[PDB]
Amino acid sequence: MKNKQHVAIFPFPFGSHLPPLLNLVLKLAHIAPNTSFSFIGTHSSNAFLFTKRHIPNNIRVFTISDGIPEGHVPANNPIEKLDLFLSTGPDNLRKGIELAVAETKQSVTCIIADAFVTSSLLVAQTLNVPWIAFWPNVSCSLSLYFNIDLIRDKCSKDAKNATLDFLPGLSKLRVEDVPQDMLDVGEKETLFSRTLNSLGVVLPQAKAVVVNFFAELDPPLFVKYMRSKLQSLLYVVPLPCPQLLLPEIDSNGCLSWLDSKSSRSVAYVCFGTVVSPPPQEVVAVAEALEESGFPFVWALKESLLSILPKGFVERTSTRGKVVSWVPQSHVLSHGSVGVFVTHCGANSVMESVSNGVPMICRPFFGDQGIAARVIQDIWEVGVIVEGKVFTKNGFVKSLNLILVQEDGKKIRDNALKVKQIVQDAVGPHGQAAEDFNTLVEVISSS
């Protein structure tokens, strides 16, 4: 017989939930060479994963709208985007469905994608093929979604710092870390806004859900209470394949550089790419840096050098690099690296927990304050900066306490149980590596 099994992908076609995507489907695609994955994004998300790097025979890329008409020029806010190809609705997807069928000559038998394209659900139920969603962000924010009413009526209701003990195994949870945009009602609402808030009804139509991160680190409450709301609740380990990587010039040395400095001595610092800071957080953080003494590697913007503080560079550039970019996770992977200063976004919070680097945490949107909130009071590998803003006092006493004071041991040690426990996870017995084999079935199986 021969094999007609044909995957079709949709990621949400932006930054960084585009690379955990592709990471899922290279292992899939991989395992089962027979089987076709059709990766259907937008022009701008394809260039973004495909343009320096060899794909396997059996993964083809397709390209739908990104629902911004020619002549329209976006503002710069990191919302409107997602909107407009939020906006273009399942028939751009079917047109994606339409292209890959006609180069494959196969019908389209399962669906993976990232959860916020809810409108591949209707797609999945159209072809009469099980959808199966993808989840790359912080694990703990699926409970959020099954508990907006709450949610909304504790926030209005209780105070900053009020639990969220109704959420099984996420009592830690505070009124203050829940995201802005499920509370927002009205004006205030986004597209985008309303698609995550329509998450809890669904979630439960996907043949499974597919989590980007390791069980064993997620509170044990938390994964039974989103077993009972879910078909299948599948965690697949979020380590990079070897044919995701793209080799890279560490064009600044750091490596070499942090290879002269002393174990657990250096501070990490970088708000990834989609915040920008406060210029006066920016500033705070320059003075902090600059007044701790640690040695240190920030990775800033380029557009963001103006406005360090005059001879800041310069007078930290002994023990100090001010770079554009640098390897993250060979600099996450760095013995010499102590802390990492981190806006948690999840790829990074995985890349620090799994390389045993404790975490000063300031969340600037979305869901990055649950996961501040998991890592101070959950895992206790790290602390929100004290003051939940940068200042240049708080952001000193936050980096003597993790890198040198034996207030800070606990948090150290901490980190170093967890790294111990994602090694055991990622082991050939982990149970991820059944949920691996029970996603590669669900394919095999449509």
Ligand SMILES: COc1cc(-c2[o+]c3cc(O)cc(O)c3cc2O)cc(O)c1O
Second form
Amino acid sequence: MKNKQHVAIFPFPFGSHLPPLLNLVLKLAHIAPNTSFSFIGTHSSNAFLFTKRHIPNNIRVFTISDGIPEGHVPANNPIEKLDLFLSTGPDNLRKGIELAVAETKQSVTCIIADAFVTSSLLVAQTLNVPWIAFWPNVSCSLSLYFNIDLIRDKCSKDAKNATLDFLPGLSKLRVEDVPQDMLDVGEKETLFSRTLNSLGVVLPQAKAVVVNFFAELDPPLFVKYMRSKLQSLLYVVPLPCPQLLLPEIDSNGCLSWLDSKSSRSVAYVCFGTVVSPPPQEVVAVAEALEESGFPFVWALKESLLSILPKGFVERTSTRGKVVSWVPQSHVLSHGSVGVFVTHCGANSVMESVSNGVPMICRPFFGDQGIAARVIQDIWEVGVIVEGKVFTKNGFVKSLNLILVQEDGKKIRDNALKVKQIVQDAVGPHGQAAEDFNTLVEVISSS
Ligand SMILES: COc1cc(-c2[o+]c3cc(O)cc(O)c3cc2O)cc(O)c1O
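Next up, the form solved in complex with the named molecule, please; the one we just looked at was the form solved without the named molecule.
What follows is the entire complex, opening with the chain shown before.
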């Protein structure tokens, strides 16, 4: 009997949502080299992943519309392009299915999609095939989508520091930690935010939900709570497959520089690539790094070099690196790095906690505030920067706290404890090992 298994993959075709899903498909394609995997992206998303890379032959790439008609120029906000792609609907997706079916001569037996591509659930129901949701976001934020009415009711009536005790295992979460887009109603409501607010209804219809995180790092009551809301909640280790990482050159010379510093002494700063912070904070971050005296690697926009204080990069050159790019995963896995100043992106948090590096947190939007709260009040592996925004005096006090002071010994100790938990979790007898195989069997019997 010939193998007729054919998995259709629908990523959220944007930046940070692309590597973690290809990473999962790579592992799946390796353990099941007889099963066909059809990765369906846009021209820009496919150019992003598959340009340099070489992939196993049972993975095939197909192209659909980005939702941006030719001639049109999207505005400089990170939401429009997401909206335009989401507006393509299930018909654009089914076009990707057509390309897959025509190439493999196999009908689709299973679909794996990023949870945001909620239209792929519609496709899965039409084909009568199981729908598997991939969650590359902050894991703890899954619970929010099943209590939107309560969250909205509390965020309006109650104080901003009021706790969300109705969230099992996440009582530490506050009103001010809630993503703004699930509070926005009316004109400020986007197709992207309408999609995200549909998750509490969309997610339970999934055969399985695959969380790109370590099951042992989430509050047990949260995990249990989500298992009550979903048909299946699976965790698969977010650490890269050997096929994922691309051999890249240390052009800036970050690593060799880090070897010249002593253990846990360097501050690594990178506040995202999606949202640019207000120039006054950029000035404040620069001012704080200089006043502090600590060695630092600052991954900064090339376009933000002009708003930096005059002479800053030059006066700090003998103890600091201001660069356009860093091999972040390698930088965070270096012993010299003592603190990670982050916007709290799901991937950045993953990379920091798995390397025992404590974090100074300044969340900008989305689930980054959920991440920040967990880092500070739950895992206790870092702090939100004083005042929730970057200031010269506040950020220096955060740097001092984590890097050198005895008051931050608990946090540095917890950073090491969590790393050990991750190292054990990615082990052969961790949860994900059992869960990864559950996923393979779902695909096998699809
Ligand atoms: C990488 O592409 C983007 C992702 C996101 C994004 O927004 C979220 C918002 C939330 O409220 C909650 C989330 O979990 C998000 C995750 C994202 O990746 C937002 C953008 O403006 C983007 O451009």
